[PDB]
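Engineer: Listed below, chain by chain, are the residues.
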Amino acid sequence: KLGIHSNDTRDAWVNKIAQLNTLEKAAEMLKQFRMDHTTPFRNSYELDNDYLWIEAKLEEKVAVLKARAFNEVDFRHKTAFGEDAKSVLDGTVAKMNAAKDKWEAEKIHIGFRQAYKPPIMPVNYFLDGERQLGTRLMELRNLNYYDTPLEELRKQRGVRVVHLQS
Amino acid sequence: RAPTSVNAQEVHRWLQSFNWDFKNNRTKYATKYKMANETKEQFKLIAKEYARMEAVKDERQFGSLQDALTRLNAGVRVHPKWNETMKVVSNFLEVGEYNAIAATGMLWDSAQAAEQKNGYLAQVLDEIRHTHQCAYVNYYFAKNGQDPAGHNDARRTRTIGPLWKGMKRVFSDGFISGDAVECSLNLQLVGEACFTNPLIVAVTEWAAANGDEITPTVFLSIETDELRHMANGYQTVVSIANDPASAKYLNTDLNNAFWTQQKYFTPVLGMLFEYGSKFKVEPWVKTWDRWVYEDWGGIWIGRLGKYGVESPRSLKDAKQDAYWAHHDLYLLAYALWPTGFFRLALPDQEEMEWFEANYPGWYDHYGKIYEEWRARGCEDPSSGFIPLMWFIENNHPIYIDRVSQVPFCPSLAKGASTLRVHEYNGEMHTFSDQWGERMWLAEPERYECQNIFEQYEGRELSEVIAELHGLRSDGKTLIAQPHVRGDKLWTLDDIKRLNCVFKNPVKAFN
Amino acid sequence: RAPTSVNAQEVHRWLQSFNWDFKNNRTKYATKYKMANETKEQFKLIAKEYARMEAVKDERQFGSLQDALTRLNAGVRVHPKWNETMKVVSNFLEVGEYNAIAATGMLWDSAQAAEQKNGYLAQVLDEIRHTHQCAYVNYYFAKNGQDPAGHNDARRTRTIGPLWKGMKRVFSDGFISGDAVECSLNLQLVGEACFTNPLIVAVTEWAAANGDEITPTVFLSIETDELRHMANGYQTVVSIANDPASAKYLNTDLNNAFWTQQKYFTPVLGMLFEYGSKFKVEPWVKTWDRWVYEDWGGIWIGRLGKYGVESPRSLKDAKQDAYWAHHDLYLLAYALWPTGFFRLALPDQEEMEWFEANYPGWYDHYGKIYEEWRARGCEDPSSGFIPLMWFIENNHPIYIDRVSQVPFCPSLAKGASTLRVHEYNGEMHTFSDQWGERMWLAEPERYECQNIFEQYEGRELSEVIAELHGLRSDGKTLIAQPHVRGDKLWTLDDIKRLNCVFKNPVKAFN
Amino acid sequence: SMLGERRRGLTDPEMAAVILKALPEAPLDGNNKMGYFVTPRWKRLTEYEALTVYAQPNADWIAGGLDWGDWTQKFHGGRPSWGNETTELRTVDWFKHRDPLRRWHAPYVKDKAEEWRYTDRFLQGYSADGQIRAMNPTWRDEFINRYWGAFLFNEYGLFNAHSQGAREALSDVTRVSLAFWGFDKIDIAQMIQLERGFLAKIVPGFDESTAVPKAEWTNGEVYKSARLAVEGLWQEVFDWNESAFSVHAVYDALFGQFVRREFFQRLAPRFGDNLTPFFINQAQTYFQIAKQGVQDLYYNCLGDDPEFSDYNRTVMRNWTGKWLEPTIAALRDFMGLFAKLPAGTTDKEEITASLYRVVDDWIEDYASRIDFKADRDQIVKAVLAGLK
Amino acid sequence: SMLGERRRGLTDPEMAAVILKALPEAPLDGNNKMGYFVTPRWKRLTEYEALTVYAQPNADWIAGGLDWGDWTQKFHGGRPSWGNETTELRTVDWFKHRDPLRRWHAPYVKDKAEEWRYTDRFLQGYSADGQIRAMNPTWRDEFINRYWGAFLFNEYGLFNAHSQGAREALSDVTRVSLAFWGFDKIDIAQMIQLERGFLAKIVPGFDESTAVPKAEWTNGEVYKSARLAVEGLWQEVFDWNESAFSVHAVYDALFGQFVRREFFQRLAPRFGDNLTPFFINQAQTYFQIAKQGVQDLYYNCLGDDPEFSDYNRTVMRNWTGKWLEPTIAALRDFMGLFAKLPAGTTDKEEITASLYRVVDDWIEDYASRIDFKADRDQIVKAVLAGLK
Ligand SMILES: [Ca+2]
Ligand SMILES: [Ca+2]
Ligand SMILES: [Fe+3]
Ligand SMILES: [Fe+3]
Ligand SMILES: [Fe+3]
Ligand SMILES: [Fe+3]
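Chains as they are written, first to last, in the authors' numbering: chain E, 3 to 168; chain A, 18 to 527; chain B, 18 to 527; chain D, 2 to 389; chain C, 2 to 389.
Next comes chain E alone, as it looks inside the complex:
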C-alpha cells in the first residue's frame, strides 16, 4: 500500500496510536514525534509525506486522554505534562525578548511549537504565545533583510550548496 490518503505507514501508526491509553505515555510520544518529524530541524525526513496526518491522529489521542485525566481547571490552565501553561508562556516570551539575534529567535519559536503545540498546551495560552513570539522573530528577521549577500546567507543558514546555475 502506497496511497496518498491511505497507505501502510499511516495504518501502522494508527495501530500504534490505539495502543496508548495513558496521558503521560501518549503526550511524551506526541512531543517525541514532533522532535523526530516536524519543522526543518526534524531528526529525519522519513515521514515527510505522512507526518502531518499522523501527527493529527496522535494529537487526537492526547486530547481525549487529557480531557479524561484533568479536572476542569487543569484543562484550562495546565499543559498535558502538568506544567502551569502561563508560566511556560511567560518564560518563553521572556527568553524571546532577550534573544540577541534572529538566529536565537527562530530556535526559540520553533522549539516552542515542537514542545507545546496543542493538545500539549491549552490553545488560549499557545496562540497568545504565537502572537508574541512570532512578532519578535519577524522584528529581528525583517531588519535589513537584503544586506547579507546570498553567498554569505547560505553559509549562515548552513546549507550544503550542491549546485548552481547562473
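It is worth saying that the hints were derived from the structure and are not from the lab.
Be a bit skeptical, because a hint or two may be false.
[Unchecked claim] Within a straight-line C-alpha distance of at most 27 Å, the following computed DSSO-like cross-link-like pairs (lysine-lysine) qualify:
#	chain 1	residue 1	chain 2	residue 2
1	A	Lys431	A	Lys336
2	B	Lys74	D	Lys34
3	E	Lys33	E	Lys97
4	C	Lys323	C	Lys292
5	A	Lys160	C	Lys111
6	E	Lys97	A	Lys51
7	C	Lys22	D	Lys22
8	D	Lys22	A	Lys297
9	B	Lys385	B	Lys98
10	B	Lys333	B	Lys323
11	B	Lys74	D	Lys111
12	C	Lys202	A	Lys61
13	A	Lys61	A	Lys323
14	A	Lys493	A	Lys513
15	C	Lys202	A	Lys57
16	B	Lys505	D	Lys34
17	B	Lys45	D	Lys323
18	A	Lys493	C	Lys34
19	A	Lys520	E	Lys3
20	E	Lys33	E	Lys59
21	C	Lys111	A	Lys61
22	C	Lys349	C	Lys389
23	E	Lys104	E	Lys88
24	B	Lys98	B	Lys505
25	A	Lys303	A	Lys336
26	A	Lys40	E	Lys88
27	B	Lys513	B	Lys524
28	D	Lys34	D	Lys111
29	B	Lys74	C	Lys111
30	B	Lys40	D	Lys323
31	C	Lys225	A	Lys40
32	A	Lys493	E	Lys3
33	A	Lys505	A	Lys160
34	B	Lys57	D	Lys202
Put chains A, B, D and C with the ligands on the given structure of chain E with help from the hints.
Structural biologist: For chains A, B, D and C with the ligands alone, kept in the frame of chain E given last:
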C-alpha cells in the same frame, strides 16, 4: 409630524466611537506594525445598507443568468478551449476569494479603529459573496456547458496537478500566513490593485471574445465591489505610516509580496489567456508592462510614495523574466496534461502565426516542439506517447520551486534558466530565482511544502489519477485530455499502458 | 416553542366568508346573468403572496434586460422591420392589457362570491403589470433601439392611423362596454383563450427569429400570469351556467364576441407576423387553423359544452374570409403608410417566393402590385408617388367598417368583397360583413364611431400628420416611412407637395 | 439537442449577418426617451410617469385625452366606455394626478413582497422566542378574536367600494392609485385573518373560523353603524370619486384611524400583545401611503384645479357633510366597546385624548383642504355620547 | 457607434461560426451537477451545499480535508495557515456542519436588504403617523437613550469576538455561519444607534451622540460585569470555538436574552414605546436564526460526533462552567437597573419569573444538550442578590 427616517451615514457618524478601551483590547496576531487608533474608512456603510446594495447587484446578475442567458443557450455556445479555461480561472479565483475572507478577518482583528475594522468587515462579506460567485460560474458551466467534468469537481480534482500548488501560495497561504501587514500587501496593495482588479476585467474581455457571456455577467459584478478593497489596502498603509517600524519593514514586505504574486501570475495568467483561448484580445507582453509598470508600478505605487513606499527592488528581474515565462510554462502544462482537471490543446496553425508575430522566435523554440509532439502522436490515445517522455529523452528535468511551487525546466526555458540546489538537514531543495531563495534561507520553517514528485514518487501515473478521482462519470475516461475535440478522448488505461512512474529529479544530485 | 407561520392557502380557506349579505349587495352594472354567489376561484391567493410570486418574476426579467441583454446590445441587433413591428405589437397590446384592468374591475364588481371577486382582482393587478410591461418594451426599444420615434410616442401618434381604431374595438371598448358577461367573453373566453395567449408566445417566436431577445424576456413573463385569467374566464361561464337566462343569451354574446375578436386579429395579426418580419416562423394560415379551429373552437370550447356552450355560429363564415384577409389588409396598410407611426417595407425576392410557396396565387395579385408600386418609386421621396393614388386611378375605394373599424377594399380584395351601405336619420354607414351589419341594425347607439375619412374630410394629408405630431425630432422627417432604410426618408414637405386631400368614400353614393 | 433546433437571429451567424446588413449607420432619431412629450411633475420625467401617463386611450373630450372621435363600441343604451358622466367632479386634465410614491406595478409588489417575507420571519421568531407567553387570555380570545377579527369585514368592505372605480377611473394615473389603495385594504383584512390563523396554531383551543367575528359584524351593536356606513359607501355610491374620497378622506380617516390606532394599537401593550401591533403597523403605513395619493388627487389636482377649484371644493365639502354623519354614528356605536374592557383598562380622559388626536389630524390632512369648517369639540362630544 | 467596436463570440457571425464548428456533438460528460461528490445533509444536494462545501482547500490532515500536503507558505515560526491547533475541539469532519437555513451570501444579503427597506418604511410611517406622542418621556430619555443605548456596545463587543473565528474557522460552512452570526450583531448595535438618531430627529433636544450611552457602558454599574464578560469573550479567548460557543450558547443565551426580551421588550409597552420593540424583534429573529446554526455545529456535529462526542461535551461543559459565572455576574449587576424604574413599574416576582424563563429556555436549548448539570434555583438566586 412629517415622514422622516435615518440613513447609513447618519449612524456611521458615530461608528468610530463604538470601540472602547480596556487592557487587552489588542490584536491577537503577530505583527511588526501598529495600526493607528484613529484610522478612518472611506465608505460610510452599515450592515443593512451594505446588504441592500449587494442584493440589488445580485438581482441583475442572477436575473441575466437564469433568464436571457439561459434561453440564449450561452452556457454552450462558447469556444471549447475557453470552457476548459474557466474551470481553472473560476475555481482558482474562488480560492483566492475564499482565503481573502479569512485574510480580511485577520485584518479586522489587527485594526484598532472601529472604522478601519468596519472597512475590512465589508470586504469579509464581499469575499464570501465572491467565493459564491466564482462557485456559481462553475456551477453554471457544469449544469449547462459542453463539458461539466472539472467544472463540477475542481475542489477535489484540482489537487492532482502542480499548477494548483502555486495558486495556493499566492491566493491562499499568501493571503493569511504571515504578518497581518505582509498579508495585506499580498492580498490588497499588490494582489487586487496590481493583478486582480485589472485581471477580473481582462477576463471578461477574453471571455466575451470566445463566446462566453456567463463570466462577464458575474465578474463584472464582482468588479463593482473592488473599490472598497482598494481603499482598505490603501488605508492599511496609511494606518501604519506614522509608526517607526514602518520605515524599517514596509518596503521589505512589499517587495516580497510583489515577487510572490508576480512569480505566479506573470506566467500563469498569460498562459491561460493565450493558450486557453481561440480568439486573442491582446498580447500578454504589453498587457503586463501596462498593468505592472504603468498603472501599478508607477501610477498607484507612486501615489503611496508620500508614506515611504518605494518601487519593488525586484521589479527589474520580474520584467526580465516575464517575457517568455508563460510560453515556458504552457510547455510544462501541456507535457503534464494528465495531471489536470481540464482539457488542453496544441496551438493551431493560425495561432502559431499570431505567437510568432507577437513573439519573434516563438516558432523556432516552442513551435517546432509542439509540432514534434503531434508528430509523436500526443493527441492520439493509441500512440502510447505523452510529451513527458520527450523531456526524459532529451534530458530536460522539471523541478518545482520549493517556495512558489512554480514548475520550471531551466535547461529548456527561454526565460529564466537559473537553478539553485541545496541540502539541509537531510533534505533537498530546488530554487528557480534569487528572491525565492533568500525567503527560504531566511524563513525555512515557512516553506516546507512537499511537491508532486515527492508525494507521487514511485507511484504509477494512472494510479495517482484514479485515487484522486480524475475521471469522468463513465469511470473510465480521463477528465484531462491532450486535445479539445469530442472524439478519441484518452482513458485511464491509455495512461496505464504508458507505465510512467514518478521520480524525484532532485535525487540525481549527489 | 417551535418556529411557526401561516401561508396563503390557510388564510384563503376563510376568504369566501368575507362577504356578508345585505340590502343593495348587488352589482352596479347592467347584465342579463346572475353570477352564482357560491362560485369558487382556482387559485388560493392573498394579496401579499400574489405580490411575492410577481416580484420574483420581475427580478429575472428586469435583470436580464438591464444587465446581459443591454451588454449584448440586444435593443439594436434586431431586424429593422421587426423593430417597427414591435412599435405596434407592444403599444397595441398595452391598451388591451390596460382596458383589461377596467374589465376585470367591472367583473370583480359583478361577482358576488368573494372567491370569484378575488380571482378577478388578481387579474386586475396582473393587467396593470402587463400594461407596464408592454410600456417597458417600447420604453426599452426607444432608449436603446435603432429607431425611437413611434416607440417613444405611440400613445399619441397611434391616433393618426386607421389600424388603431380597430384595435380599440377589440382591446378597449369590447373589453368594457357592454353586458359584464359579454365583455368577459371578449376579454377572457375568446380574447385571452383563443387569440392573445397563443399570440403572446407566437410573438416571442417571431421576435427571436428576427434578433429580438427583448420582447421574449418580457412577454414570456407576461405569459406566466395567463393561466389565472384563463380560469377567471372559465369560472365566469360556470357562475352563469345555472341561471335560466344563460341558456337564452350566452351563445349569442359568445358568437358576437368571437366574431368581434377574429374580425380584427385574423387580418392584423397575420399581417404583423408575415409582413413585419424578415425571417418567417410559420405561415399564418396554418397558425390560424390550429388556434381558431383545433385548440380553441375544438379543445377549449368543447370542455365548456357541459355548461351549454356551442361553437360560434359565425365560425364557418370566419374561416371563409380568413385565407386572404391579412394579405388584403397590408396592401391597404402600405398604401396608407403616411398615417402610421411605424416604417413599412415591401417584400423582397425571398419573401415573395416564400409567399407564393405558401399562398399560391399571391404573386399574380399582391406581388405584381407591389412591384408596380416600387418601380414607380413608392420608396423614393422624389417620385411624388404614394400608393393611395394608385387606388384612385384604378377606382378601388377604401371603406371603414362602422362596427369593427377594420379597413376594407371590396373591388380589389381577394377575400371577402361583400359591402352593404345604409342611410339612417341622415348618416351613411358602411359594413363589410353580415354579422357586423346585424350588430349595427340591432344596436345603432353602440356604434357611432367617426372613421378617419369623416374626421379628416377636406384636410390635406400633411396637415393631419402635423397637427397630431407624426414627426420625428428634427420636426421635418415623418415618423412613418414607405421603406426601412436609413437614407432617403420622407419629409412633411414631400407629403405636402403631393397635396392629397381626404374624402369620405361613402359620398360617392350620393 | 445540445444546440437546439430553433435558430435565433441574435446568435445565428447566417441570420445575424442578414440583420446586421439591414441596420442603419446610427439611430434614425436621437430622441430615445419614451414619453418625452409628458409634462413632468418633478425636475426630470420619471420611469413611473413614462410607463403610465396616457396609457388610457381617452379622446380630448374627456379632459386631458389625446385621442379623437368617439368610442368604437358602447353600452346597450349608448353609455360610453368612459365618460365625464361617471363623476360629478370636473377638471382641466384627468392626467394631472401623480402618486407621490410613484408606484407602478413593479415597485408596488416589490415593497409588498418584502413585507410578506418579513411577516413570515417575524411570526416564526415570535413563536420560537415564545413571546406569545406574555399575552392576556381575555384580550386575545375576546378583543382580538372577536372585535379585531370583526374589523376585517370593515376593511373588506372598503376594499370592495373600489370595484367600480377600477372600472370608471378616467385616467391611468388615477386607476393605478385606486387599484393600489383598494388592494391594500383587502391585504389588511387578510392580515387580520392571518393573525387569527397564527394564534390558532400556537394557542391550543383558539378557533380560526370567521364564525364569531362575522356574527359580531353582521349582528353586534358595536360595529352596527359602521357596517351600515360601509354598505353605503360601497353599494350606494355610483360616483367613483365620491367613493374613493368619502372612503379615504372621511370615513377611514376617522372611524378607521381610531379603531386601528386609538383602540387596538393603543391598548394591545396593556395586555401583553405585541403581535396585533405588528399588523396594525402595516395597516397604518398603508394608510399613510394612500393618504399621500388621496391628497394629491382630491386636493392638489381637483380641489386646486385652475378652472374648477371653487366648483370641486363645494362638491367635496358636500360629500364630507353627507358622510361625516354616518362616520360619527359608526364611532359612537364603537364607543360601546370600551364598556367591555376589564375595569381600569382605561378611563374616559384617555378615549377623549385619542378622539381629539384623530379629529385634529383629520382636519389638518383633509377638511382644511377644501375649507370645510368643522368643530373639533362638537364632533368629539357627539361620539363621546356613546359610552356607559 | 451604434453597434460598437468590440466583436463578441456569441453574436459576431464570423466568430460564432468558428466557435459553433469546434463544439462537440454532445456534452462530453452527462454528470452536470457541480458538487455531486458532496454528501447531502438532506434529501437532495442543495444550491447552498453545492456552492459552499469544500471551497476551503484543507488537506486531509485537518479532519475532512480532501487535499494533501502542507500549506505552501506558513507564518514565521511555522504556524500553519489553518490547523488543528487553533481550537480544543476535535471532529471526524469539519465540513459536516450545515446552516439549517442554508444561507450563502445571496440569500443572506437579500433578507437583510428586505428588512432594511421595511425598517425605512416603518420609521416613515411611525413619524408621519405621529406615534411618538404616546411614549413616556422618562423611559425615552433615560432607559432607551442611556441603557438601551449602552447595550449597543455589548452587541458590538460580541460582534468583534467573531474576528479571530473569521480567520481561524476550519471549514467553509463554519466560516460562513460564523461570519453571518457576527455581521448580525454589528447590525443590531447599528440598529440601536439608528433608533437614537431617529429620536434625535423627531424629539427636540434629543442628543444622538453616543457619549452618554458609552459613558454608561465604560463606567456605569448596571453594565459593569456585562462589559467585563464581553471584553473577556472578545480579547482573552484565542480559541475560535470557545468564542462562538461561549458567546452564543452561554453569555448571549442568558444575559442577552434577558436584557433584550425580559427587560426592554417587556417594559417598552408599559411606557408607550412601540419603537424599540420593533428593532428588538429583529435582534430576536437574528438570535433565533443564529441559534439554529450554533446548535447544529456544537451539538449535532461536534457534541454528537461519532468519535469525539464524549471529548467535545467535556470541553463545552468546561466552557459553560468557565463562562456561566461571568454571565451570572453580568445579570447580577443588571439587576441594579430595576431600582431606577418609576415605582410600581414591576415587582420582584415578575423579575424572578422572567429570570426563570430565560434560565429554563437555556437549560432546555443548550445546557442539557451537553449534559451540563445546571441548577436553575442556584443560578436565579445568585442573580437576585443584585436587586437593590
Ligand atoms: Ca547525497
Ligand atoms: Ca458593582
Ligand atoms: Fe474578491
Ligand atoms: Fe477583493
Ligand atoms: Fe394581460
Ligand atoms: Fe390577461
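Engineer: Determine for every hint whether it applies to the structure shown.
Structural biologist: Hint by hint, here is what the structure shows:
Under the criterion of a C-alpha separation no larger than 27 Å, the hint pairing A:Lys431 with A:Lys336 is consistent with the structure, at around 14 Å. In summary, the hint linking B:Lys74 to D:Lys34 is supported, as the alpha carbons are separated by about 25 Å, within the 27 Å threshold. Distance restraint check for E:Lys33 and E:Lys97: the Cα-Cα separation of roughly 21 Å lies within the 27 Å cut-off, and the hinted pair is therefore satisfied. With a CA separation close to 20 Å, the supplied pair C:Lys323 and C:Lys292 stays within the 27 Å bound.
A threshold of 27 Å between alpha carbons decides the hint, and for A:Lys160 with C:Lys111 the separation of about 24 Å falls inside it, so the pair holds. Distance restraint check for E:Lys97 and A:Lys51: the Cα-Cα separation of roughly 23 Å lies within the 27 Å cut-off, and the hinted pair is therefore satisfied. Proposed proximity of C:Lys22 and D:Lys22 is supported: the alpha carbons are some 23 Å apart, at most 27 Å. Simply put, D:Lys22 and A:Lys297 have alpha-carbon atoms about 26 Å apart, close enough for the 27 Å limit, and the pair holds.
Proposed proximity of B:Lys385 and B:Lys98 is supported: the alpha carbons are some 21 Å apart, at most 27 Å. At most 27 Å may separate the alpha-carbon atoms for a hinted pair to count; B:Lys333 and B:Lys323 meet this at roughly 22 Å. A distance of roughly 10 Å separates the Cα atoms of B:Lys74 and D:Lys111; the hinted pair therefore holds under the 27 Å criterion. Taking the CA atoms of C:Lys202 and A:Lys61, the gap is about 20 Å. The hint holds against a cut of 27 Å.
Under the criterion of a C-alpha separation no larger than 27 Å, the hint pairing A:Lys61 with A:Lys323 is consistent with the structure, at around 25 Å. As the CA atoms of A:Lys493 and A:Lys513 are separated by approximately 12 Å, the hinted pair is consistent with the 27 Å bound. A distance of roughly 26 Å separates the Cα atoms of C:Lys202 and A:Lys57; the hinted pair therefore holds under the 27 Å criterion. Of the pairs offered as hints, the one joining B:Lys505 and D:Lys34 holds, with about 24 Å between alpha carbons and a cut-off of 27 Å not exceeded.
Between B:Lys45 and D:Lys323 the CA atoms are separated by roughly 21 Å; this keeps the pair inside 27 Å, and the hint holds. Annotation: proposed proximity of A:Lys493 to C:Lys34 holds, straight-line Cα distance about 19 Å (limit 27 Å). About 17 Å separates the Cα atoms of A:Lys520 and E:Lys3, which keeps this hinted pair within 27 Å; it holds. Taking the CA atoms of E:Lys33 and E:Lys59, the gap is near 13 Å; set against the 27 Å cutoff, the hint holds.
At roughly 20 Å between alpha-carbon atoms, C:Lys111 and A:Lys61 fall within 27 Å of each other, so this suggested pair holds. A C-alpha spacing of about 11 Å is found between C:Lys349 and C:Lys389, which places the hinted pair at or below 27 Å, so the restraint holds. In summary, the hint linking E:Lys104 to E:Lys88 is supported, as the alpha carbons are separated by about 24 Å, within the 27 Å threshold. The hinted pair formed by B:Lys98 and B:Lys505 meets the criterion: a straight-line CA distance of about 17 Å does not exceed 27 Å.
For a cut-off of 27 Å, the pair hint linking A:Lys303 to A:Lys336 stands: about 11 Å separates their Cα positions. Proximity of A:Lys40 to E:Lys88 is assessed by CA-CA distance (about 18 Å); at most 27 Å being required, the pair is judged to hold. Note on B:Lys513 and B:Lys524: the hinted pairing holds, with a Cα-Cα distance of about 25 Å set against a maximum of 27 Å. Pair hint D:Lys34 plus D:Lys111 holds up; C-alpha atoms about 25 Å apart against a cutoff of 27 Å.
Of the pairs offered as hints, the one joining B:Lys74 and C:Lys111 holds, with about 16 Å between alpha carbons and a cut-off of 27 Å not exceeded. Straight-line distance between C-alpha atoms of B:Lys40 and D:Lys323 comes to about 20 Å, which keeps the hinted pair within the 27 Å bound. For the given pair, C:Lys225 sits about 15 Å from A:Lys40 by alpha-carbon distance, which is consistent with the 27 Å threshold. In summary, the hint linking A:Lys493 to E:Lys3 is supported, as the alpha carbons are separated by about 22 Å, within the 27 Å threshold.
Simply put, A:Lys505 and A:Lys160 have alpha-carbon atoms about 23 Å apart, close enough for the 27 Å limit, and the pair holds. Simply put, B:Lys57 and D:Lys202 have alpha-carbon atoms about 26 Å apart, close enough for the 27 Å limit, and the pair holds.
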